[PDB]
Every structure is written in structure tokens, then in C-alpha cells.
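Asker: Residues per chain, in single letters:
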Amino acid sequence: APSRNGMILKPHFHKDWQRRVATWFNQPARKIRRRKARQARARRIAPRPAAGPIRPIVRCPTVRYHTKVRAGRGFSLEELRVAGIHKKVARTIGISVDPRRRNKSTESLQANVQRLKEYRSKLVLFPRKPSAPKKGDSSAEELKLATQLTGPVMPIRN
Amino acid sequence: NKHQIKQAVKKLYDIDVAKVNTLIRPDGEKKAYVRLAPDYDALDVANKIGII
Amino acid sequence: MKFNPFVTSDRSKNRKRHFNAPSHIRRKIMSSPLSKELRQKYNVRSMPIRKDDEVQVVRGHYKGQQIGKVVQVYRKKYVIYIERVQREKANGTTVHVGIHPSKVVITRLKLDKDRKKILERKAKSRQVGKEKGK
Amino acid sequence: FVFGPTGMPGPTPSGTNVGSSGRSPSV
Amino acid sequence: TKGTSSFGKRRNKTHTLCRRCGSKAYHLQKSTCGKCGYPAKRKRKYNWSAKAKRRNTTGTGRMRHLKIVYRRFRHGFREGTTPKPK
Amino acid sequence: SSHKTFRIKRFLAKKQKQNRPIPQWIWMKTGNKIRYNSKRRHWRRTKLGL
Amino acid sequence: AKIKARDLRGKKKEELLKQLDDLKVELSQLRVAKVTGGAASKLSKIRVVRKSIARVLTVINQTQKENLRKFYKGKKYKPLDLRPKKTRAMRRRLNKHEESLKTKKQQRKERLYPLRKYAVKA
RNA sequence: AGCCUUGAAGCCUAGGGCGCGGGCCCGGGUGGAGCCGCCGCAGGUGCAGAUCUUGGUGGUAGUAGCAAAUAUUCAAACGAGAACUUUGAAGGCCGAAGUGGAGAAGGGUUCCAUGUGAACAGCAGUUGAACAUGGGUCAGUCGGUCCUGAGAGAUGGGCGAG
RNA sequence: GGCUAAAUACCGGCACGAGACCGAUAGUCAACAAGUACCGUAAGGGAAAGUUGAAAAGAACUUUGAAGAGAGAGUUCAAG
RNA sequence: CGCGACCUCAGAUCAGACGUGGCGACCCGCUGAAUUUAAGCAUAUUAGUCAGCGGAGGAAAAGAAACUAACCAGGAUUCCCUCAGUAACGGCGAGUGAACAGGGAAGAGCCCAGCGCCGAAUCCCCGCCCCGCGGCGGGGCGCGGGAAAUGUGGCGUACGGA
RNA sequence: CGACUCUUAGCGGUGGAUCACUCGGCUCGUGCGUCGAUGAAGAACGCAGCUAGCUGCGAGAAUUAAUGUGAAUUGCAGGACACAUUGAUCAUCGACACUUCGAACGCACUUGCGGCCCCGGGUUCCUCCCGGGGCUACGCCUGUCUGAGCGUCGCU
Ligand SMILES: [Mg+2]
Ligand SMILES: [Mg+2]
Ligand SMILES: [Mg+2]
Ligand SMILES: [Mg+2]
Ligand SMILES: [Mg+2]
Ligand SMILES: [Mg+2]
Ligand SMILES: [Mg+2]
Ligand SMILES: [Mg+2]
Ligand SMILES: [Mg+2]
Ligand SMILES: [Mg+2]
Ligand SMILES: [Mg+2]
Ligand SMILES: [Mg+2]
Ligand SMILES: [Mg+2]
Ligand SMILES: [Mg+2]
Ligand SMILES: [Mg+2]
Ligand SMILES: [Mg+2]
Ligand SMILES: [Mg+2]
Ligand SMILES: [Mg+2]
Ligand SMILES: [Mg+2]
Ligand SMILES: [Mg+2]
Ligand SMILES: [Mg+2]
Ligand SMILES: [Mg+2]
Ligand SMILES: [Mg+2]
Ligand SMILES: [Mg+2]
Ligand SMILES: [Mg+2]
Ligand SMILES: [Mg+2]
Ligand SMILES: [Mg+2]
Ligand SMILES: [Mg+2]
Ligand SMILES: [Mg+2]
Ligand SMILES: [Mg+2]
Ligand SMILES: [Mg+2]
Ligand SMILES: [Mg+2]
Ligand SMILES: [Mg+2]
Ligand SMILES: [Mg+2]
Ligand SMILES: [Mg+2]
Ligand SMILES: [Mg+2]
Ligand SMILES: [Mg+2]
Ligand SMILES: [Mg+2]
Ligand SMILES: [Mg+2]
Ligand SMILES: [Mg+2]
Ligand SMILES: [Mg+2]
Ligand SMILES: [Mg+2]
Ligand SMILES: [Mg+2]
Ligand SMILES: [Mg+2]
Ligand SMILES: [Mg+2]
Ligand SMILES: [Zn+2]
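So the sequence lines, in the order shown, correspond to chains U, H, W, S, P, X and V. The first sequence: position 127 = 127 (the numbering used here), numbered continuously. Each position in the second sequence, counted from 1, maps to that position plus 158 in the numbering used here. Each position in the third sequence, counted from 1, maps to that position plus 210 in the numbering used here. Each position in the fourth sequence, counted from 1, maps to that position plus 344 in the numbering used here. Each position in the fifth sequence, counted from 1, maps to that position plus 371 in the numbering used here. Each position in the sixth sequence, counted from 1, maps to that position plus 457 in the numbering used here. Each position in the seventh sequence, counted from 1, maps to that position plus 507 in the numbering used here.
Since the hints were made in silico from the structure, they are not lab data. Even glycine gets a Cβ: it sits at the ideal position worked out from N, Cα and C. Be a bit skeptical, because a hint or two may be false.
Among chain V residues calculated to face chain P with C-beta under 8 Å, some are [to be verified]:
(1) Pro591
(2) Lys593
(3) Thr594
(4) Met597
Model the full assembly from the supplied sequences, consistent with the hints where possible.
Answerer: Structure follows, in C-alpha cells:
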């Protein structure tokens, strides 16, 4: 029975909801599991960036958000072809590649090309054969001053 | 069997056997009455093996 | 405090791992201190008590300066029986009164080919800790 | 040498019988 | 007559000891067990008896092969080896 | 009856050998609680199932 | 005399089965002493001889099994007893070579595009 | 810088008191190892009932009762002990559709011997189908085993999410 | 038409650690020879039951009585 | 008539393998209520839930768009916060009820048929040789046997490819 | 005075509350995350010097071998054990072994009937009889072997 004055509130508790209750008592016990496997990964990839492959710069849909800029999934094969990076060798120097992306504009295509140049210039490459340098490979003076970068690589700032 | 018994007293004790009559006790074990050949003397083959 | 996350600070688990301990562990549990005459000789503070050792009781009704031979180690009761610590039953026969190994000090070990290994082990691991400190 | 006693079990009886023979019809 | 009188006629049994589950539930006429459905390949068990399961489960018996598989597991089921001899 | 089977004569034999009292030397043991045998059976009162 | 399993491994199959066929007669004479009534010195020897027979039959089955898995050491099919017995699902896996097998298309991808080791400047 | 084996909790108390009360503090006893005051915190937190739940105990009450089927008596023995056991002598019943002598289903050691007198055998027992010790069921011909009966039940096939 | 780890779930299993939880009518039905004893033809139902003492030192011996039972004596800091 | 192919189909205690049953907290595929709520009740609700059946793994399932969007566009799946008690459904009563975007945990892609190109360039099996030998493989021989042209292997798959 | 009855106290009984203990539960979290025709889970029956239950095990039966440990097990006997030509007891456990029913597998479920092959007694291959071992379930895959067809053909 309703009281004098209040809300007409509909509680969604007409199913056997006590059976499917999900308690978060393992939330602190999984934050440590994720952090542990995040440093087992940041130790498995020794000098490679800890966050992973570099992500592109990406507008958002939906006029609610079409003025912020974001970090996409990969660099469209158009932006890789403009930057001159084979789509099957990009994934081996930590460049993200998804083929699904189109490029309708140009102000963003050139932003991601300038982004690949700014990454393929900061990239310290180690020689495939350790005891013998190669042609497209950073010289031994860098490799000794090559560290593991934390956080996202070339972070995206509005 | 009565055959295995006959042929297993004629190996452990070397005594020819007349007949064998088995029965399973309420305890569970199978008692066996072995009757020796006419010339062989039970009292004197139990004397040997110990029971007397 | 103890920081090892795998050791049990619980009470009932140590009171259960104690009483349901296997015999060879009850041998270590039934250790006993060495007398200060064998301590400055071997550099060893305690030893798992064996059968034929000479011992002297320090706590209880039978505490004194009398030394006795350990007659038997009743490791299931967590007790030992010494030569002349006993009692008279009602009828007259005598029984050995059990003493806990921790309340009794050893004055002459029964050196085997193994109690020598255990002694030189303890002494070794003790000098390694002295060099670890000094 | 202290001898011992003895012990015998038996099913536990449950009281559920109801004859309900009595009838009091009064309409 | 439906009671004490007709309780004497009980002389021929319906069930006997099942050979798969050792329970006295083998219907001699229907030739099947009421406890496990013996002639059927699959052991019968229903969720609507949460308690009848706990009386027949992998822990209730000897586990004469599982209590050793649970021990050979702590070493990846090593085989054909022995400790180094004295 | 007297027309038993083997599986039944054998099960009765087991039920005969389980029907004896605890040995008296067994509650002078150390870790002991068994005062007597409580799993006993009398042929008159309890009827062995079957 | 304490029959240890060490000095049983050099003896021969029939120099073992003669010991077995002597221990079984010592059992039969002890299971007879038990029923006729005998000294505890004899009664307590039953646990000693039942375990001496256990040691003998153990060395017999161990030498026989070693000889068997030597006879089938290099053969292809061997008795299901000598085959390595692990869990059923562990015996129904793929070999380490079938696991370590690669198609010629992936032996070419792995070759033409290896995972390069690198770093980035911060 | 609380109390405690120079005696904690608990319980008992014709002892001294406090508070309107909920309650509390002292003394004596018993007991044998833990316990409390304050400021906050938390709750499965206060019982007279619910034909409440579990356990224990009363009046009823030394009362109802120990009354279906004719019946017991004498002497002796064993024994601490005899209406009830055992022997013998009487008298009686069942009266071959039996209170006799054997089996099926069912029981499962109830069978037999010795001992015991705690519990049980609705009095008693020197006795028992009780208890404790040990024994005991022997097959070519007696049955099972075999065959089919009413009927049950695979394969083939069919159906079926299974 | 097909394959594919990670983030994700886990009142079963093995091995663990903990608690502002309960403390033997509570907490699991089960602290104990518990899915045991017992009931039911079956499907199933299903308990009650922890504590001598530091150590058995668990009362020798005398005595009445057939015995259970007592009266002394002794063990223990204590048989209150 | 016989002979020899091929197709279709049987028989083996033929040589060598494989399945079956258990567990079931979690997971996958189906089957599927009625208590109850609506102050009655029949659609709705309970609920695609309980029961029932089948199948697994240490995770399963899903998964690299026949997608979301309508932007200056995003870009596999799974998970959390939020969207949201919202849009919507509903005797528009009781009640039921998502997704997109956005911030995060994680982060990885690929492979066939087909269309063509290559002397089937491919695969399984037995015998012998040497090794390896306790997850049955490596290399060599066999005018040794088969599978396969009713299509095996290599290149190649929508990001185009030859 | 006496009996009986009521009340209070003392002690004594019936009963086992209270308190104090706790090798048990409940809940949370972590790591792994493994059964089976090479016979699983479960059941049955057996095994101890004295043993009923629990527990352990399977005719090698409260356990064998190996390794670690290094002197006990214990309720009583007895028995090992220079403690080093050698190892009591525990724990570990990788070697060996593991009765009958059970998916349960020769056919049935009484524990009943078989068939085949190879050994040993019987015989002297004479089949008989007895004992021992190995085989003989259903579906299904690859190949082998033997076959069916007025299926499609080719040649005699
Ligand atoms: Mg109101
Ligand atoms: Mg209001
Ligand atoms: Mg019928
Ligand atoms: Mg099932
Ligand atoms: Mg009856
Ligand atoms: Mg390909
Ligand atoms: Mg009062
Ligand atoms: Mg509470
Ligand atoms: Mg009350
Ligand atoms: Mg009267
Ligand atoms: Mg008669
Ligand atoms: Mg008669
Ligand atoms: Mg009689
Ligand atoms: Mg009476
Ligand atoms: Mg005759
Ligand atoms: Mg049918
Ligand atoms: Mg998939
Ligand atoms: Mg903590
Ligand atoms: Mg209780
Ligand atoms: Mg209590
Ligand atoms: Mg309880
Ligand atoms: Mg109680
Ligand atoms: Mg008490
Ligand atoms: Mg006291
Ligand atoms: Mg075959
Ligand atoms: Mg309604
Ligand atoms: Mg209503
Ligand atoms: Mg209604
Ligand atoms: Mg409806
Ligand atoms: Mg369900
Ligand atoms: Mg399955
Ligand atoms: Mg698995
Ligand atoms: Mg998957
Ligand atoms: Mg999405
Ligand atoms: Mg809102
Ligand atoms: Mg719905
Ligand atoms: Mg989204
Ligand atoms: Mg991230
Ligand atoms: Mg092709
Ligand atoms: Mg695609
Ligand atoms: Mg009074
Ligand atoms: Mg036994
Ligand atoms: Mg050994
Ligand atoms: Mg050893
Ligand atoms: Mg039959
Ligand atoms: Zn059954």
C-alpha cells in the first residue's frame, strides 16, 4: 500500500535475484593479479614499450563527442602506404594496423602520416643478428641507451 | 574344486586320495573332508604334518 | 612477527599439525637442550633426544641434580621415560613417570655415526650464521 | 585387565497413531 | 483386515541387492534397479534430490585410483624413472 | 530360507563375523574412545534388511 | 635370516623360485602351528615370512618387467603394460612433432616477417 | 603501568547495602583459568505464553493393571537362595482337521555343548530363542543347474531434441 | 565455409591462507566408529553422542555379604 | 560359359587405432512448468526460471563485420563503469526493459573452397638399415602396397590477388 | 508433643543448565585446475599374532621395491635392528603388484554353460579327463583378405 506522498517506484526484484548475486570481494585480489601479469608482460617484452603498439589519432562519431580526439585501433592501410611501411612489417615494429578503417578526410590522414613519421623516427631498432649489425638498424650507441617506455606511446592530448 | 584339492594334497603331502567332500561353512570358508586311500593312514599323516 | 604468507599463524592448525604429526616429525618436536658443558664443546643448542642418552630433569616433581639414562622415548605420547624417575602403583609394582623432553637437559650424548652428522651440521650452519653477522 | 560392560540397540519408536474412532455428529 | 491381519501375508520379496550399487533395490520382476537403473548404461541421478547425490559421489568411496592420480599430478605424471640410487 | 544362494550365504557370513564384541585389550590403547561395540545386531530385533 | 631385497637381484629365476617354494612351505607350517597352538616366537614369524614372500615376488616381477621392456626397447608396438601409462587425455594428445609442425605458408610468414626487438625514445 | 593460582568465569547464600526501576556493589561458600571499568564501534543482543522447539522432572500412583483357551500336588537333588529349574511319583489337558511328527516362503546362527547371572525374558528364576566362550550344515543318484509356459528382452528395422 | 590466446566465470576437485563469524539444542545432518545407528519393499528419510587428572598415579591390602554393594586403608593439591 | 576391370554392398577373434561410463561449481545445445504477483482471472508476471535430456574444457562460448552510425565519422570478441530503470514492450494494469556513443581491463590475427598456374609437383601403410628411443619420431633404401584426376600439395582469399 | 502438610535454610540425591575450553564448522581470498576399455566413479567380498568398527590395503592384501630420514612401534606379547658387508620407525613415492561386480567386454547372471589356441599332469597325438595361461562384447576409422550383383562395361 502506498503511503501519503512518494514515488511510484518499480523494483526489479520479482525474479530469483538472490541466486544470481555477484559480490566484488575479489576486486582487490584481481587488481593485484592484473598488475602482476602486467609486470610479467612488461618484463617479457624487455625494451619494447610497456603499453604496446602505437595507436592512431581518431575523431569520434556522434555529435556528442565529435570534438574530442581519441586513440583508435590501428593505422589504415592508406596511412601506411603514404608513410611507406609494408602492412605486414608494420606489426613487427609495434605499429598497430587494422584494415577496416577508411580515410574520407585529409586533415586526419596527414595527421596520422605525421604520426608515423614521428614514431618511425623515435624508433630504436635492434639488429636481428646481435653479433652483426644490419642496414636498417640503429647503431650500437643507441641500443645501450634504449629504455622501456612506460604508459602509452606518444600519448594523444586534445 | 574337489579336483584342485585332490591334486593339491597329492603335491604338498604326497598321499593318494580316496575322495573329497567340500562344504562352505556359515563362517564363509570352505571346509573339505579328504578321505585317504585304503593303505594310507590319516592318523599317521596328520602325525607327520603336526595335527595330532 | 612472521611475514611468510605460507606459514600458518592460526591456533587450531598448529594444535592439529602438532598432535597429528608423523613420528619422524615428532622426533624434532621432542628435542631437548644440551647442557652448558656440551654447548661450549659442540656449538649446538638442542638435539632430538635419542634413547641411550644421559639426561637430568630440571622442571617438575623429579627435578634435581641426579642424572639418569633415558630408558625409552614414547614418541606417541610426546614423553620419555628415564632410568630412576618412577612411581609405585597401589599394589607395589613400579611405573616410569613420563617427562616432556623440553623440561630435561642432556649431559652425555650417545654419539652414533649419525648424531655426529647432525652435530656437525648444526655447528656448520651456526658458523655460517656467525659469518653472516660478523 | 579391567573387564567391560555391554550394550544392545533398538529402533526408536515414533508416536503417530490416531484411531479417530469417536464421532460426534450434530447438525 | 487391511491392517494387522493382512500384514502376515508379506512373504515374497520385491527387491534384492543390486549388483552395481549393492543396495536392496533390484526389482526382481521389472529386472531393473530403482537406485541406479542398473540395466541402463548411465547411472541414474536427479537434481531434485540434492541429498541422494551426496550419498553416491566420487568422494563417498575408496577412490582407489583417484587418490593416486591426485598424487601423481604434483609431478606431471612422471614415468619410467626412479630416484638416483644410493 | 534353507534354499540360499552363494551371494547371500556369503553376505550372511560377513554379517556373522561383524557380530562380535570388541577385544578387551583394545580400550587400554592410548588414543581410545570406544567403550563397547555399538554396531551389534540381534537376529530377533533388527532384521538385517534383505 | 633377514631377507633383504638387495641380495635378491643377482640370483637366477630358479634360484628365486626355489626360495619362494621354500617360504611357502614355511608359511604352511606356520599356519599349521597357529592352529595346533605354538609359541609366540613362531606366531610372530608369519608377518616376517609373508613379507619375505612379498619381497621375493617383488624382485621376480621387477626383473621380469625390466627384461620385457628391454626386449621391446626399440620395437614399434609393445604390450599395453609397457606403453607409457598417463591420463587418458594425456595419451590422446598430439606428439611434440605434430605440435611442432608448421605449414609451408607459416614457415614463410615467420621467415619473411619476424618479430623485431626495438625500443622507443621518451 | 586495570584485576587474577596469595584463586579468574560460573554457580549457591536466614550475610551488609545502593538505586523509583532496569539492575548493581560488597561478605561467606563452592570452583579451578581466565576476566572486567571507561571512550567510541558492531549486532544472530534481554522472553511467560506462540495446541512454541529440544531436553529434564512431577501430582495422578505404589494407582490402573500383571483375568481368552479346565490344573495343579508331594518328595528328592543342585544351590547363599526354589510356587516357577531337574528327577521321580500322582492327577489332568491336547485327543490324529493335535498343543504330535516333517517341509515351502520367510528368518539367519535362532542349531549343539559349557559357563554367567549385570541388562532383558511386564513376578521370580539355579532357567532361556539372554550374555560369553567354542563347535556344527559332507551328495554322479535330494534339489538348483537344463527346457519351455504366461510373459520379459537384444540385434535388423522404425521412431525419437535426447 | 573454417580456425584463433589475453582480459572473463567457478557453492565440484587437490593444496593453501585468513576472519569484528558460531562455540557442542550453536556452527555443516555430521567436532565423536556420520550419511553411521535406525525406519521404509523401494524411491528416500536420517539422528543422539566432546571434557577424570599434570601424570592412571584407575583405590594394593583388611572386612561383612553369594554377588552387586558397602566400612576402613591408600593415590592426588583435590575423589568435595 | 569364362576371364578382367570399375561401382555399389557384405563378411571376419583380419593389422593398427578410436568412442562408450563418471564428475558437474562454472560453460554450450535443446526441453520447459506451476506455486506467486496482478488484492479475483484468463493475456502478461513468476520465466526462457525449477525440474528433464545431451556435450565439453581448465576455462567454455563468442570472435576478425552481409557491424555501429549519419559524425570532422568509428572498426574482431569477452569483461567493468556509464548510457539506464532509459528507448521501447505491456488487460499501456501489474509490471517488464535493451543498444549506440564515451572511459577503462585485455589486445592478435588469420585460413579454405572457388577462379588460375604448375609432368600429382601430395598423402597413408608395411619390410629392411642406423640412430632417437618413458609425448612414436629423423635420415636412407624397397620395378613394396595403397589413397587420390568424382582433385592431393605449393602460390593465393576480398586488406584485392596472379 | 506424635503423624501429615506448607514455608525457609543445611546437606544429600535426580538432572546436566551456566561458565571455561575446541584436532569441528561457516564465509572470504589465492594457486593449480588432473578421471576412464593401459578398465573410471561406485559396490561386493577378503587381509592384522591377539581385530569387531573406523582407517589402510588387495591373495605380494593395516602393505612390496626405491629414495629421504636415522632408532623405534607400543594395548600386551613376540620379532627384527654392529646404526657401516649395512638401517627399526615414519614421510615421500617415480619401480612392481592391484580379488569379483561395475561403461564391464564369450553367453547369461544362478555363479550356470561355452568355443578356439598353447603348456603341464592324463596320455605317450588317443581322443578322453584334470590343472594353468592367452583369446572370443557393440559401434566405428584406415588398409588387407574372401565374396555378392539379369549395377556399368571390355575381351573371349
Ligand atoms: Mg499505514
Ligand atoms: Mg512517506
Ligand atoms: Mg510382484
Ligand atoms: Mg546423467
Ligand atoms: Mg519379527
Ligand atoms: Mg594454402
Ligand atoms: Mg533462595
Ligand atoms: Mg554475532
Ligand atoms: Mg520459558
Ligand atoms: Mg491393584
Ligand atoms: Mg508341528
Ligand atoms: Mg520337529
Ligand atoms: Mg537351544
Ligand atoms: Mg522380571
Ligand atoms: Mg556313495
Ligand atoms: Mg524393448
Ligand atoms: Mg569458434
Ligand atoms: Mg589479511
Ligand atoms: Mg551436542
Ligand atoms: Mg555445553
Ligand atoms: Mg549439532
Ligand atoms: Mg548436550
Ligand atoms: Mg559434563
Ligand atoms: Mg577442587
Ligand atoms: Mg584384430
Ligand atoms: Mg492472483
Ligand atoms: Mg491474495
Ligand atoms: Mg486464486
Ligand atoms: Mg501467463
Ligand atoms: Mg536445470
Ligand atoms: Mg560424456
Ligand atoms: Mg578434464
Ligand atoms: Mg573456443
Ligand atoms: Mg562494440
Ligand atoms: Mg539518471
Ligand atoms: Mg522476460
Ligand atoms: Mg561501445
Ligand atoms: Mg589499456
Ligand atoms: Mg586447389
Ligand atoms: Mg572479411
Ligand atoms: Mg531440603
Ligand atoms: Mg578381520
Ligand atoms: Mg620397504
Ligand atoms: Mg629405508
Ligand atoms: Mg536362472
Ligand atoms: Zn542398483
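Asker: Compare the structure with each hint and give your call.
Answerer: Hints versus structure:
{"no.": "1", "hint": "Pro591", "in the structure": "holds (5 Å)"}
{"no.": "2", "hint": "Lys593", "in the structure": "holds (5 Å)"}
{"no.": "3", "hint": "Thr594", "in the structure": "holds (7 Å)"}
{"no.": "4", "hint": "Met597", "in the structure": "holds (7 Å)"}
Taken one by one, the earlier hints all hold for this structure without exception.
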